[PDB]
Amino acid sequence: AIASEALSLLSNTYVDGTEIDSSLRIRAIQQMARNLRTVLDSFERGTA
Amino acid sequence: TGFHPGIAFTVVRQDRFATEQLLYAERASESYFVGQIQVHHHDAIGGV
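Protein chains in written order, with PDB author numbering: chain J, 146 to 193; chain A, 1061 to 1108.
Read the hints as simulated data drawn from the structure, not as lab findings. Heads up, the beta-carbon is just placed ideally off N, CA and C, and yes, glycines get one too. Among the hints, erroneous ones may be present.
[Claimed, not checked] Pulled from the structure, derived: some chain A residues nowhere near chain J, Cβ distances all over 10 Å:
1) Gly1062
2) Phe1077
3) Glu1090
4) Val1099
5) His1100
6) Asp1103
7) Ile1105
8) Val1108
[Stated by the list, open to error] Between beta-carbon pairs, the in silico distance windows are:
9) J/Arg182 to A/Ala1088: 47 to 53 Å
10) J/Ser167 to A/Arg1087: 37 to 43 Å
11) A/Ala1078 to J/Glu150: 20 to 26 Å
12) J/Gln175 to A/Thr1079: 57 to 63 Å
13) J/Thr183 to A/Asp1103: 23 to 29 Å
Construct all of the structure, not just a fragment, from the sequences and the given hints.
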């Protein structure tokens, strides 16, 4: 259950085909991966 | 019929108009910068 992160992730949807926004992309890749690692670890522990 | 006494009476009237005012705008203005571009487009039927 989360809404702020989803809204932030889906609020861009690009504009017209501009650059990749390397800083924002790197920040998102770091944060989402860090959250997903522990999320999947907890899910695997629960399933086991 | 013919006369008019000196009784006490008064009337009340109201007005509704506009006016112009002048103020001091100083020299330094608000620091209204520009950041990124936000767009939102959606196509349903006919046009976008």
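Hints versus structure:
no.: 1; hint: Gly1062; verdict: 84 Å, holds
no.: 2; hint: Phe1077; verdict: 47 Å, holds
no.: 3; hint: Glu1090; verdict: 26 Å, holds
no.: 4; hint: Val1099; verdict: 5 Å, violated
no.: 5; hint: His1100; verdict: 8 Å, violated
no.: 6; hint: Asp1103; verdict: 13 Å, holds
no.: 7; hint: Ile1105; verdict: 20 Å, holds
no.: 8; hint: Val1108; verdict: 13 Å, holds
no.: 9; hint: J/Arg182 to A/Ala1088: 47 to 53 Å; verdict: 49 Å, holds
no.: 10; hint: J/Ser167 to A/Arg1087: 37 to 43 Å; verdict: 39 Å, holds
no.: 11; hint: A/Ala1078 to J/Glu150: 20 to 26 Å; verdict: 50 Å, violated
no.: 12; hint: J/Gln175 to A/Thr1079: 57 to 63 Å; verdict: 58 Å, holds
no.: 13; hint: J/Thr183 to A/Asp1103: 23 to 29 Å; verdict: 39 Å, violated
Hints 4, 5, 11, 13, counting from the list given before, are not met by this structure.
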